[PDB]
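Read the single chain below, which is given as structure tokens and is the form deposited in one PDB entry.
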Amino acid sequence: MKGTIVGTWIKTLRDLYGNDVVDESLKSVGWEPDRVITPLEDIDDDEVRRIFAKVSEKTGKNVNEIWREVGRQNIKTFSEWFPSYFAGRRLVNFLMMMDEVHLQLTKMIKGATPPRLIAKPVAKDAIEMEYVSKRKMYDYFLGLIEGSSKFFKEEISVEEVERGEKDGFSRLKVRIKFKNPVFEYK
């Protein structure tokens, strides 16, 4: 996982569950409890798993609920740390640029495997967005969508159309419906 992003997760976990839980979880994988992950670093997916496993153990929450909560809260973290991605945008625009943003932010990484997040309009008031990744981070994806709606103060309903693995990739397709019309024919 890209280092910059794992860094946001550590801060988000502190915001959700407190410094004791995070410090102890980080120690349990042999990190300094105050470690600062730099943009010159990546973190092995399995270390992240082990950290989150420890958070689940300590909080008594299922790890899927943790990812869902982290996904919701991490939008706030992103908006504070990387404000340029939110500046002067609405929710639909933000969601539709995510696929490209994830390519752009992992370009420089050898063997990069960003999630794909292709969105396409399917109605005046709806888009379809499909999460595709080897990583199976469904609750995180859903949480980020929920957090995005909160941050942009734009009400949406999220219909989970299909979820499952295909050709080695996990895939989750959702239909996101906006309370008020967002597109027009042109």
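Shifts are known only where both forms have a C-alpha. By rigid core we mean the largest C-alpha set that fits within 1.5 Å across both forms. Residue numbers count along the first chain shown, from 1. First, how it differs from the form deposited in another entry.
Comparing the shared residues between the two forms on a common core, the stretches of 3 or more consecutive C-alphas each displaced by at least 2 Å are 106 to 113, 183 to 185, listed in sequence order.
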Second form
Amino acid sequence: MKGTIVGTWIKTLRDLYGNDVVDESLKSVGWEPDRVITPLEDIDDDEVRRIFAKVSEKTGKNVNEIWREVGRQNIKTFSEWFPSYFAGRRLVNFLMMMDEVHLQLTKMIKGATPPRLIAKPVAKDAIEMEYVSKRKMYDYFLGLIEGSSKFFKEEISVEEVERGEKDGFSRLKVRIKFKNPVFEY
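Next, give the form deposited in another entry, keeping in mind that what was shown is the form deposited in one PDB entry.
All you get below is the one chain by itself.
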């Protein structure tokens, strides 16, 4: 993973779980407890895995639960560190532009490999988004969507429609129903 995202993760983990849990989790993979991760670093995905496993152990929450909570909370961190992506007025448009935003990160950040997040309108009050990745971060993905709902203060129902691996790719399709219709009345 690139340094820019992992940096946000450390902050988010501190905010959720406190400094003791995070210091000790970082230490467990050989890092200084107060490590500051900078945007251009390449961070070993397996070291991230092991950090989260230690967070899981110390909190008594399973790893999938941690990723879900981190996805939810990381939206706040994003809104603070990268507010330009959050100047829009509607959750629906934010979600619809995510695939493009991540494609642009790829082109503008050496070595970045974010997932595809293709999203299309499917009904007056719903869109579909499909997570497609060589990685497998289903709970993180779901949590980010939930976190986005919270930031925009817009109620949604996220229905998981498909999940599975095919030809090297993890894929998760959701149908996102908005309490208030998205179409123009």
